[PDB]
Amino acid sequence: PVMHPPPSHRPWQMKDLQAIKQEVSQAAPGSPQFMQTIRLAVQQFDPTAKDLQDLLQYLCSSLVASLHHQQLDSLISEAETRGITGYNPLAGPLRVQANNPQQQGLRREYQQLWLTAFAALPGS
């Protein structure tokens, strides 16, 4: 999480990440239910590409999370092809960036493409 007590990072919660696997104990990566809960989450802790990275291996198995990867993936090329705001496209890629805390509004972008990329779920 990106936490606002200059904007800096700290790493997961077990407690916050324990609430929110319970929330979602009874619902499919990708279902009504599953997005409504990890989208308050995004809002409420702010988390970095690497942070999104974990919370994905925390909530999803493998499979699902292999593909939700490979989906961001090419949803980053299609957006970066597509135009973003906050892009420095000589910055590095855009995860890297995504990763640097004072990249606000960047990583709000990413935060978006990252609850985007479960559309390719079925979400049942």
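Numbering follows the first chain given and starts at 1. Just so we're on the same page, rigid core means the largest C-alpha set that superposes within 1.5 Å between forms. What changes on going to the form deposited in another entry:
- Of the residues 79, 42, 27, 65, exactly one exceeds or equals a 2 Å C-alpha shift between the two forms once the rigid core is aligned, and that residue is 27.
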Second form
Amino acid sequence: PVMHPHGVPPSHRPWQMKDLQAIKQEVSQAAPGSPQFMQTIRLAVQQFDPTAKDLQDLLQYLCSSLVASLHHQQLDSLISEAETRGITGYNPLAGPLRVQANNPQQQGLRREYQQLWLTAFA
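Having gone through the form deposited in one PDB entry, I am curious about the other one (the form deposited in another entry); can you provide its structure?
Chain only, nothing else included.
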């Protein structure tokens, strides 16, 4: 997660097993793949403002590795298309999008990545 205490720079913190278990419980109260599921997963994304790596690690904890693997591959295709049109604050010369989306200071890029990560659940 990315924390934003007012008056200081943002910072990344590792997932805590408690945070993961809390999200697992919230998401479990909605049918996997449903709109309320998507509403609960997006709700979790806004709560913890996770990086690209955080989102990958989160999915690997909540889902089977095969379900998580499919999402990763569908997101890879969405990332390719997004990179062809251009992404908010993304410069290909600065490295992979997934790597740039782990810089806590690149909020706009992280927030756009999150939307792509949520869209890949289609």
